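Novice: What follows is each chain in one-letter form.
2 protein chains.
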Amino acid sequence: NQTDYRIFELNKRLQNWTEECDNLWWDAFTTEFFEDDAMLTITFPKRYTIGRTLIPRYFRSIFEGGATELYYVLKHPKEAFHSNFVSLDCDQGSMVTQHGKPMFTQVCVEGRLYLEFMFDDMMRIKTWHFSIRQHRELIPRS
Amino acid sequence: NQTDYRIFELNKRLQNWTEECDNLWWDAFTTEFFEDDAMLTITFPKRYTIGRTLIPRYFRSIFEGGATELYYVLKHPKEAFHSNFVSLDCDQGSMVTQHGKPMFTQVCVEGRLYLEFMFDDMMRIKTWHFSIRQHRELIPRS
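Which chain is which? The protein sequence lines are A and A', in order. A prime marks a further copy of an entry chain. Taken in order, the first sequence gives residues 29 to 72, 78 to 175; the numbers are from the deposited numbering. Taken in order, the second sequence gives residues 29 to 72, 78 to 175; the numbers are from the deposited numbering.
Think of the hints as simulated: they come from the structure by calculation, not from any bench. Every clue listed holds true.
In this list, chains with the same sequence are indistinguishable; a pair is considered to hold if it fits within one copy or across any two.
Derived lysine-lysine pairs resembling BS3-like cross-links, with alpha carbons at most 30 angstroms apart:
| no. | residue 1 | residue 2 |
| --- | --- | --- |
| 1 | 134 | 111 |
| 2 | 108 | 159 |
| 3 | 134 | 108 |
| 4 | 111 | 79 |
| 5 | 111 | 40 |
| 6 | 108 | 79 |
| 7 | 159 | 79 |
| 8 | 40 | 108 |
| 9 | 40 | 159 |
Between the sequences and the hints, there should be enough to build the whole structure, so can you do that?
Specialist: Structure representation (structure tokens):
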């Protein structure tokens with residue numbers, strides 16, 4: 029499956045993040061995975082859509098929100114090829130973040146993730162739509 | 029990176045698990061990912082090693098222990114090709130499990146994971162060694 033491997037790669041680049049990561053690093057990350065005309069939409078029923086120029090700031094904001102790790106889990110995603118793009122539709126999608134040492138908490142935002150990738154060599158994200166269902170904060174036993 | 033993609037695939041097959049999964053299903057899962065002469069070692078400093086014939090029972094035991102999900106996260110794994118096998122060495126390896134609805138807790142066993150894969154077409158696991166450092170149980174805010 030060609031598409032969910034792009035999300036494996038996206039999760040892997042986010043592992044390279046340190047607290048000493050430049051704004052030029054987020055530009056390089058975004059340029060690797062997103063088209064120059066990419067649109068990212070978060071749905072809570079308040080719907081917010083950001084253009085390509087803010088996608089780097091979106092991902093940075095999550096870490097500057099306190100997060101140390103960020104990875105996406107896609108349970109049974111449906112891949113379909115179209116003339117213009119490849120679609121990835123996942124109802125059971127999880128956005129997971131590990132937070133600072135003092136709090137040492139994990140946030141698991143569950144919802145539907147819909148992605149349209151360019152049907153070319155780079156396989157960059159054209160559309161990112163995440164419709165959030167549930168919001169879970171897990172705290173340790175210690 | 030050829031090896032950590034095998035662990036992406038291993039995580040993906042474990043998503044297909046339901047509570048109505050036969051013992052023949054675990055034989056099929058193990059046959060996909062492990063050689064017929066595979067060895068699996070867990071280190072806590079009590080060291081236990083199981084042969085190929087018990088590897089299906091090991092993975093089943095985790096779910097029959099109450100777990101609904103099981104996936105492995107490998108942070109910066111080192112891949113090296115040798116004459117006989119391909120090696121995957123990950124100091125920052127995480128074994129993650131989501132537990133039953135009543136408790137609704139998540140266990141995150143952290144440690145070093147060392148894997149030797151067959152340097153052939155199937156890329157099946159010859160050696161599985163997981164040296165556990167820390168053991169974390171996360172409970173929800175609700």
